[PDB]
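J.: Here is what each chain is made of, one letter per residue.
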Amino acid sequence: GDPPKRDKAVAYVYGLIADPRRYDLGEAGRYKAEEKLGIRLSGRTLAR
Amino acid sequence: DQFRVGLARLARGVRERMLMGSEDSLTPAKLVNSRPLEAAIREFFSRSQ
Amino acid sequence: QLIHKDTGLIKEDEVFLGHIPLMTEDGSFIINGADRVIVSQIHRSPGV
Amino acid sequence: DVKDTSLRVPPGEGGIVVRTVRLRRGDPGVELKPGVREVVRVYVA
Amino acid sequence: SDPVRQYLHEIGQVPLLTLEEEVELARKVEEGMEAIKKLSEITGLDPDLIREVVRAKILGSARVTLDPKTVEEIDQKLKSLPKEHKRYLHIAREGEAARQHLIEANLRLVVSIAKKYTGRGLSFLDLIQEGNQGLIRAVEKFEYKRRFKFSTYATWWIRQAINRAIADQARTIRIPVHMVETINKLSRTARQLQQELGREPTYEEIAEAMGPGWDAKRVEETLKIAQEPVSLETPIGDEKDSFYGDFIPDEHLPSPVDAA
DNA sequence: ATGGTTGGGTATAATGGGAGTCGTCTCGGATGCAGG
DNA sequence: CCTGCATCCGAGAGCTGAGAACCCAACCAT
Numbered sequence: 245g246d247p248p249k250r251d252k253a254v255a256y257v258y259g260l261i262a263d264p265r266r267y268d269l270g271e272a273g274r275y276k277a278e279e280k281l282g283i284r285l286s287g288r289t290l291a292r
Numbered sequence: 342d343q344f345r346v347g348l349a350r351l352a353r354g355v356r357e358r359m360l361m362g363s364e365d366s367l368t369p370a371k372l373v374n375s376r377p378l379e380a381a382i383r384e385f386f387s388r389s390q
Numbered sequence: 099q100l101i102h103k104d105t106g107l108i109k110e111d112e113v114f115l116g117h118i119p120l121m122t123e124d125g126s127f128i129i130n131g132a133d134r135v136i137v138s139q140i141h142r143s144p145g146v
Numbered sequence: 784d785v786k787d788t789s790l791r792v793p794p795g796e797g798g799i800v801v802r803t804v805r806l807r808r809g810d811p812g813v814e815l816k817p818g819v820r821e822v823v824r825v826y827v828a
Numbered sequence: 078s079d080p081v082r083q084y085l086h087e088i089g090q091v092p093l094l095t096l097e098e099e100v101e102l103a104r105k106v107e108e109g110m111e112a113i114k115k116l117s118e119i120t121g122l123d124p125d126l127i128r129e130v131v132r133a134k135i136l137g138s139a140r141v150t151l152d153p154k155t156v157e158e159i160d161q162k163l164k165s166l167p168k169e170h171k172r173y174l175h176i177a178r179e180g181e182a183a184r185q186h187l188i189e190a191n192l193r194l195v196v197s198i199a200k201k202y203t204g205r206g207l208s209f210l211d212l213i214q215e216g217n218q219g220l221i222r223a224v225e226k227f228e229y230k231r232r233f234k235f236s237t238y239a240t241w242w243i244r245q246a247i248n249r250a251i252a253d254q255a256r257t258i259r260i261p262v263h264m265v266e267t268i269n270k271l272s273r274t275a276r277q278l279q280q281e282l283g284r285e286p287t288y289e290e291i292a293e294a295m296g297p298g299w300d301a302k303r304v305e306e307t308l309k310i311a312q313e314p315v316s317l318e319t320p321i322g323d324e325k326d327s328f329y330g331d332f333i334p335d336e337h338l339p340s341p342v343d344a345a
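Chains A, B, C, D and E are the protein sequences, given in the same order.
Numbering of the first sequence is given in the entry's author numbering, commencing with residue 245 and proceeding in unit increments.
Numbering of the second sequence is given in the entry's author numbering, commencing with residue 342 and proceeding in unit increments.
Numbering of the third sequence is given in the entry's author numbering, commencing with residue 99 and proceeding in unit increments.
Numbering of the fourth sequence is given in the entry's author numbering, commencing with residue 784 and proceeding in unit increments.
FYI, the numbering for the fifth sequence is 78 to 141, 150 to 345, going by the entry's author numbering.
Any given hint could turn out to be false.
[As the list claims (entries may be wrong)] Non-contacting residues of chain E with respect to chain C, defined by C-beta distances greater than 10 angstroms in every case (computed):
#1 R172
#2 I188
#3 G283
#4 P314
[What the hints assert, rightly or not] Residues on chain C that point at chain A, a partial pick, calculated with CB under 8 angstroms:
#5 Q99
#6 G116
#7 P119
#8 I140
Please keep in mind that the hints were generated in silico from the structure rather than gathered at the bench.
The beta carbon of each residue, even a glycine, is placed where N, CA and C say it ideally should be.
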């Protein structure tokens, strides 16, 4: 229903999984993800 | 965590006040309304289970 | 500090943000004259 | 034109009065509720 | 569900306006207003009555104090105008349509203004409706000759209506508007005094900063009158089994001991 | 005759919101979908 | 067209004790 504006969609998706002010895996969450997945995370969010 | 929530309210109010008023008369002290911060801390320390 | 993006006019100020309750030497708080304890919370850790 | 609204010992209670505290409006650091002139506390052991 | 999204969808279903379309609509409503006053002076009837009947006809029978026979008979009575007078009727009808269209197009300005008044005792939709009332008032009193944009004059009316609604409906115990603004000014002065002093001000400081005619007893009385009541259903204790009213005795009905 | 209370007005321009909630389990009825 | 079969929603889940604009002018009440 919401109009599919490019910037509005960008802001919504950025806030959902990519905004450090909204999405936050803790330091413990970062450590758990790194040890389970065997990767190195740049930050505490799902995407950059 | 409660402090962070209060700071989020403070920042939201600060942005609201920034998008208003003569930009020449705007000072750091004038933009910040601290009341939600006390609201959050006091609610945590008086009402949290 | 209040900073203009182009002008560079710097306005520095110390702001009173309020009061933070202080933990006593034994580890408790005095809220409205009553002794209180904050109980630690166990929950599921963030991660994958 | 006045009536008794005094504080009395509830049934099954009592003891020895060991402390009394009086707080009035205006004493430094006192923050009373609006309308309340003074508060009296009695500690009984 | 989610009525805010439904209202936003309905409000977005109406397209915006440009400057030319806006000035056209305002000119048409202005000429319609001039037409209804001209007609009222010609026939000698109350302008409000003829405006209401004309708008009732423009809406239709869907909009049911005036019996249908009455408004229909007046409509036929206005069909007795030879010429250069039915033009007044047509201009008035087009002006009413212009009024409707302009209000529908600019309801979004009401939404934009009201979205920054949330969290003050009134829900968002109530704020939107009061802003809509203010927008209708502004459309009524807008003069397009000044070449000013519609929003410039509409914003003041919308904000006035919203502020009046906050002052008049936010509290279960009604407090008059002057006392409401006095309380807000007291709170603002108190917070500035707290910022400057680094602690909660005493009543003396607030009274001093208020100005002449303000002393500690007056600020104490104002603060006592500004308290809002609490709910009888406030949960007491951790478990969900005790309410506040469980601790309130009745002092009106006589006790069995008193009755004897 | 006084305060307390109420109605009206402000003119550059402004035009679709925001918190939230994710660890119960079953059971019974109403219901839409799949097959024949 | 009938039927069965997942799917969704709603309604339950022991007792007692206690715990955030401002201003200006007209107008009824007492």
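J.: Does each hint hold? Answer for all of them.
T.: Outcome of the hint check:
The claim that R172 of chain E is not at the interface with chain C holds, since no C-beta of that chain comes within 10 angstroms of its own (minimum 58 angstroms). Residue placement check: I188 of chain E keeps its beta carbon more than 10 angstroms from all beta carbons of chain C (closest about 39 angstroms). The claim that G283 of chain E is not at the interface with chain C is violated, since a C-beta of that chain comes within 10 angstroms of its own (minimum 5 angstroms). Consistency note on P314 of chain E: stated as away from chain C, and its beta-carbon is indeed over 10 angstroms from all of that chain's, at 21 angstroms minimum.
Below 8 angstroms, beta-carbon pairs count as interface contacts, and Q99 of chain C has none with chain A, the closest being about 20 angstroms; its hint is therefore violated. For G116 of chain C, the interface hint is violated, since its Cβ never comes within 8 angstroms of a Cβ in chain A; the closest pair sits about 22 angstroms apart. Given hint, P119 of chain C at the interface with chain A, is violated; its Cβ is 24 angstroms from that chain's nearest Cβ, farther than 8 angstroms. Of the supplied interface hints, the one on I140 of chain C is violated, with its beta-carbon coming no nearer than about 13 angstroms to a beta-carbon of chain A, more than 8 angstroms.
Checked against the numbered hints above, the structure breaks hints 3, 5, 6, 7, 8 and satisfies the rest.
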